[PDB]
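Generate the whole structure from the sequences, applying the supplied hints.
The lines below spell out each chain.
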Amino acid sequence: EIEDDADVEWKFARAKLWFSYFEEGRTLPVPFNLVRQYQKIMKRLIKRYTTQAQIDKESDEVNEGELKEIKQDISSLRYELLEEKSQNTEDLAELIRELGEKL
Amino acid sequence: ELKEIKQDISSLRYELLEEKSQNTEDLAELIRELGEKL
Amino acid sequence: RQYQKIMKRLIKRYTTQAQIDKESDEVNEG
Amino acid sequence: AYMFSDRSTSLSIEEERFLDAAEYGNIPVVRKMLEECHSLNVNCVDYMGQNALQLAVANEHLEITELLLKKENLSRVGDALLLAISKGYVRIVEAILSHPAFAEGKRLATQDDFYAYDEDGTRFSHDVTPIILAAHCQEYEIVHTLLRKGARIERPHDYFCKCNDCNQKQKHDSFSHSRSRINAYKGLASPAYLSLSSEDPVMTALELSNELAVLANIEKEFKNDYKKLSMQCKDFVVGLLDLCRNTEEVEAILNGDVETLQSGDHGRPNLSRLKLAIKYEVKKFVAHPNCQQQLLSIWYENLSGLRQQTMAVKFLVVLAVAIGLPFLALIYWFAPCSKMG
Amino acid sequence: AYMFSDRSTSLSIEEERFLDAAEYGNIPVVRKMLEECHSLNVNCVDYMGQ
Amino acid sequence: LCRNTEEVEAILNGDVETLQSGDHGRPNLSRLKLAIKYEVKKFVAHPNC
Numbered sequence: 733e734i735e736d737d738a739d740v741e742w743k744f745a746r747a748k749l750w751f752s753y754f755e756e757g758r759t760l761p762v763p764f765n766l767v853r854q855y856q857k858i859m860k861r862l863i864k865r866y867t868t869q870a871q872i873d874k875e876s877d878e879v880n881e882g883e884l885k886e887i888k889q890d891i892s893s894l895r896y897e898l899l900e901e902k903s904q905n906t907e908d909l910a911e912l913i914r915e916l917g918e919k920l
Numbered sequence: 883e884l885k886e887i888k889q890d891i892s893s894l895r896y897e898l899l900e901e902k903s904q905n906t907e908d909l910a911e912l913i914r915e916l917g918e919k920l
Numbered sequence: 853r854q855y856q857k858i859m860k861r862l863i864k865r866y867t868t869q870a871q872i873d874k875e876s877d878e879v880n881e882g
Numbered sequence: 085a086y087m088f089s090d091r092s093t094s095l096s097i098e099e100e101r102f103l104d105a106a107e108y109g110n111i112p113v114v115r116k117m118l119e120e121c122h123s124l125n126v127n128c129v130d131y132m133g134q135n136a137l138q139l140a141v142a143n144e145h146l147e148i149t150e151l152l153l154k155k156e157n158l159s160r161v162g163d164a165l166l167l168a169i170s171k172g173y174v175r176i177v178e179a180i181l182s183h184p185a186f187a188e189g190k191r192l193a194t203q204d205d206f207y208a209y210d211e212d213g214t215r216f217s218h219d220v221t222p223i224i225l226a227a228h229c230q231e232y233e234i235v236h237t238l239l240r241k242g243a244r245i246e247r248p249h250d251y252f253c254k255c256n257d258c259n260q261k262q263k264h265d266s267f268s269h270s271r272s273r274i275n276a277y278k279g280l281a282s283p284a285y286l287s288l289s290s291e292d293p294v295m296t297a298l299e300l301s302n303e304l305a306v307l308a309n310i311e312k313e314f315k316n317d318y319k320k321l322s323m324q325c326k327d328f329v330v331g332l333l334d335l336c337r338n339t340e341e342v343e344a345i346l347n348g349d350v351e352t353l354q355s356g357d358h359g360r361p362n363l364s365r366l367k368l369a370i371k372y373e374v375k376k377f378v379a380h381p382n383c384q385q386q387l388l389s390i391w392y393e394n395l396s397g398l399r400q401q402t403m404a405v406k407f408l409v410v411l412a413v414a415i416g417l418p419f420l421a422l423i424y425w426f427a428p429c430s431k432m433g
Numbered sequence: 085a086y087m088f089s090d091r092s093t094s095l096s097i098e099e100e101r102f103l104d105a106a107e108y109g110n111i112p113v114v115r116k117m118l119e120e121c122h123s124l125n126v127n128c129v130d131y132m133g134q
Numbered sequence: 335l336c337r338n339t340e341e342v343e344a345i346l347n348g349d350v351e352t353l354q355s356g357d358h359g360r361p362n363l364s365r366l367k368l369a370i371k372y373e374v375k376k377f378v379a380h381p382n383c
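Protein chains in written order, with the deposited numbering: chain Z, 733 to 767, 853 to 920; chain H, 883 to 920; chain P, 853 to 882; chain C, 85 to 194, 203 to 433; chain L, 85 to 134; chain S, 335 to 383.
Where hints are given, some of them may not hold.
[Claimed, not checked] List of simulated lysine-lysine pairs, DSSO-like, C-alpha gap at most 27 angstroms:
#, chain 1, residue 1, chain 2, residue 2
1, Z, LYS743, C, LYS371
2, C, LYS371, Z, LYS748
3, Z, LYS885, P, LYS874
4, C, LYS278, C, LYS154
5, C, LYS371, C, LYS312
6, C, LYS116, Z, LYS885
7, C, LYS154, C, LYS190
8, H, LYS888, C, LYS254
9, C, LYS254, C, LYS312
10, C, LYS190, C, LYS278
11, P, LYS857, C, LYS261
12, S, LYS367, C, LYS320
13, L, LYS116, Z, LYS902
14, C, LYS241, Z, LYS874
15, C, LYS319, C, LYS278
16, C, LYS406, C, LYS371
17, H, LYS885, P, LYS874
18, C, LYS312, S, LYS376
19, C, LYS171, C, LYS190
20, Z, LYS864, C, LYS375
21, C, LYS375, C, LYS320
22, Z, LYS885, P, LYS864
23, C, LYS315, S, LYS375
24, Z, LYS743, C, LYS375
25, Z, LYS874, Z, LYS888
26, C, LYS261, C, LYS278
27, P, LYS857, C, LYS154
28, C, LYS320, Z, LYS743
29, C, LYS375, Z, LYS860
30, Z, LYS860, C, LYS241
31, C, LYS320, C, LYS371
32, H, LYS885, H, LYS902
33, Z, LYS888, C, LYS116
Calculated directly from the structure, the hints in this document are not laboratory data.
And the structure:
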């Protein structure tokens, strides 16, 4: 048994004892008995639950697939930037030399 | 926190690609405008 | 026959699940 | 001298180059070989059995995915959707759901080799739809998107079903049928589906916890999974009770719609849902302090003086009732509705 | 046949584009749509209420 | 990671086309006897077995 389940069990048993007396049936000891808004509130609470669940999954540990996703982001960014610099340099260079043979 | 790092990389990517694009095009129109002069 | 086909399918399932399981391992500082 | 050999051939240089470009994020090489190369097979396959769309989806490459998705002869689109759902990539899922095969929500819920990831076999079990896999993986945005397109998890039949569809399924395979039932219940018993699928998730999760609890006893095999699903159905309701701030929110979780329910015998609330939670043995819902304060206020009920007293005080009152028991008996008989009655 | 439906409507293309640009860090698109677009509501809202 | 009946019967039993079927309609129990002999306890205590 866990520490929080030793108290949950007693509170459940005490609440069953409580609901044994909420009924209006007995009313006497044993020798003497012979003689809209709800949908709005539920929408608000479901939105609170979904935001708290996203916070709780954001509080989970990092495994190595996510860092691999970051690595692939960096690699694709590297490919895009190197090709952009290359195409900018070459496509500027041919037109500047084409205007450089004009003189 | 790793998602925050990922968003840093993505916004950096957007800034760099737009900077390269605007540099290339805004150089290109003025060089062709001086290229129709000859 | 059929047994080799089933064993090939199960070995491929095992290798994909093993790569998922090593991807679910913690991140160290290397 | 044996090897696995999942392709049993060798690739070209213009295919290994394209597969490396698709895997490692080389977007301009992929664009150039899709625009200026006609002797290439986009469905060329790796050493392990993966084409370029599966390497692009498995590595979080959105640009290569959106670039490959305009070819109109790609294979493994449903497998790419399932892989992107299982991995959690919302943008790749939103890109793949714009393909002209999921046009009217046709293949999102409930043979045709659409979801195969190889020549023989699917990545998950054959019953696993996108909505069931999205509910398994606790992906709230993907579940909301798939519910927005009209995809639901079909509830399985009873264990003693004798219909024309239960019988041939149980005669064809008695293992796949039980695995399909437990996969559908694992999809139905998730907080991502419970919070977004129904209009009253507390009552749904209570009845689902009871149903999984009796199914754990009917099926003596695979019992530790039905117990786990029932436990997480109870944990959903306990976690929904914990994030309550007002009195009306506590009374909307503990009690039902108080405008459409009988108020009770006295000024106390309507205790019909807490009786059901005690019947279904949802112990942390009843042992929670937000329930304990309401049950204490019902339990004391016009003795607020004796609430804050000590246990030495609550022994003398028991002895006082022990002495004067016929006195309180005949004043309860002869004159109710009094200061002491 | 029920859904949560935290906005109960559908967005425009010039609002979904602006919300994606604001979420994913597309600074020049956000700057251009704040400087050169007048039929936009900056307080346009997501599927979830953001 | 077995999903069908033929995959369970290919892991628990060997090649069923090249093995003796048994005395009755029951399968060929030659590999499970070996797993009990070698004390592979979680293979025998698994629900699929």
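Now for the hints, and whether the structure bears them out:
1. Between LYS743 of chain Z and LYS371 of chain C, the direct Cα distance comes to roughly 15 angstroms. Compliance with the 27 angstroms bound is thereby established for this hinted pair.
2. For the suggested pair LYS371 of chain C and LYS748 of chain Z, the alpha carbons sit about 10 angstroms apart, so the restraint of at most 27 angstroms is met.
3. At most 27 angstroms may separate the alpha-carbon atoms for a hinted pair to count; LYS885 of chain Z and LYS874 of chain P meet this at roughly 12 angstroms.
4. Note on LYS278 of chain C and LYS154 of chain C: the hinted pairing is violated, with a Cα-Cα distance of about 35 angstroms set against a maximum of 27 angstroms.
5. Taking the CA atoms of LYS371 of chain C and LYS312 of chain C, the gap is about 22 angstroms. The hint holds against a cut of 27 angstroms.
6. A C-alpha spacing of about 26 angstroms is found between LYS116 of chain C and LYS885 of chain Z, which places the hinted pair at or below 27 angstroms, so the restraint holds.
7. In summary, the hint linking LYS154 of chain C to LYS190 of chain C is supported, as the alpha carbons are separated by about 20 angstroms, within the 27 angstroms threshold.
8. Simply put, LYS888 of chain H and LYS254 of chain C have alpha-carbon atoms about 53 angstroms apart, too far for the 27 angstroms limit, and the pair is violated.
9. Restraint check for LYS254 of chain C and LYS312 of chain C: satisfied, since their Cα atoms lie roughly 20 angstroms apart, inside the 27 angstroms limit.
10. This hinted pair checks out: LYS190 of chain C and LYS278 of chain C have alpha carbons roughly 23 angstroms apart, not beyond 27 angstroms.
11. Pair hint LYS857 of chain P plus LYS261 of chain C holds up; C-alpha atoms about 24 angstroms apart against a cutoff of 27 angstroms.
12. The hinted pair formed by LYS367 of chain S and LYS320 of chain C fails the criterion: a straight-line CA distance of about 33 angstroms is larger than 27 angstroms.
13. Distance restraint check for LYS116 of chain L and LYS902 of chain Z: the Cα-Cα separation of roughly 24 angstroms lies within the 27 angstroms cut-off, and the hinted pair is therefore satisfied.
14. Proposed proximity of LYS241 of chain C and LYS874 of chain Z is supported: the alpha carbons are some 25 angstroms apart, at most 27 angstroms.
15. A threshold of 27 angstroms between alpha carbons decides the hint, and for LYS319 of chain C with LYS278 of chain C the separation of about 11 angstroms falls inside it, so the pair holds.
16. Between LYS406 of chain C and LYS371 of chain C, the direct Cα distance comes to roughly 31 angstroms. Violation of the 27 angstroms bound is thereby established for this hinted pair.
17. The straight-line distance between the Cα atoms of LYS885 of chain H and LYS874 of chain P is roughly 21 angstroms, inside the 27 angstroms bound, and the hint therefore holds.
18. Between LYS312 of chain C and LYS376 of chain S, the direct Cα distance comes to roughly 19 angstroms. Compliance with the 27 angstroms bound is thereby established for this hinted pair.
19. Pair hint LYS171 of chain C plus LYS190 of chain C holds up; C-alpha atoms about 22 angstroms apart against a cutoff of 27 angstroms.
20. This hinted pair checks out: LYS864 of chain Z and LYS375 of chain C have alpha carbons roughly 25 angstroms apart, not beyond 27 angstroms.
21. For the given pair, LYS375 of chain C sits about 15 angstroms from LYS320 of chain C by alpha-carbon distance, which is consistent with the 27 angstroms threshold.
22. For a cut-off of 27 angstroms, the pair hint linking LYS885 of chain Z to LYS864 of chain P stands: about 22 angstroms separates their Cα positions.
23. The hinted pair formed by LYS315 of chain C and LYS375 of chain S meets the criterion: a straight-line CA distance of about 20 angstroms does not exceed 27 angstroms.
24. Distance check on the hinted pair: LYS743 of chain Z and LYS375 of chain C sit about 8 angstroms apart at the alpha-carbon level, within 27 angstroms; holds.
25. Proposed proximity of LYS874 of chain Z and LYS888 of chain Z is supported: the alpha carbons are some 22 angstroms apart, at most 27 angstroms.
26. Among the hinted pairs, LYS261 of chain C with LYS278 of chain C is consistent with the structure: their alpha-carbon atoms are about 20 angstroms apart, no more than 27 angstroms.
27. In summary, the hint linking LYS857 of chain P to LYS154 of chain C is not supported, as the alpha carbons are separated by about 34 angstroms, beyond the 27 angstroms threshold.
28. Proximity of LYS320 of chain C to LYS743 of chain Z is assessed by CA-CA distance (about 23 angstroms); at most 27 angstroms being required, the pair is judged to hold.
29. Under the criterion of a C-alpha separation no larger than 27 angstroms, the hint pairing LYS375 of chain C with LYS860 of chain Z is consistent with the structure, at around 25 angstroms.
30. A threshold of 27 angstroms between alpha carbons decides the hint, and for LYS860 of chain Z with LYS241 of chain C the separation of about 21 angstroms falls inside it, so the pair holds.
31. A hinted pair counts as satisfied when its Cα atoms are at most 27 angstroms apart, and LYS320 of chain C with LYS371 of chain C qualifies at roughly 19 angstroms.
32. Taking the CA atoms of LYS885 of chain H and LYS902 of chain H, the gap is near 26 angstroms; set against the 27 angstroms cutoff, the hint holds.
33. Our distance criterion of 27 angstroms between C-alpha atoms is met by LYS888 of chain Z and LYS116 of chain C, whose separation comes to about 24 angstroms.
Violated hints, in rising order: 4, 8, 12, 16 and 27; the structure is consistent with all others.
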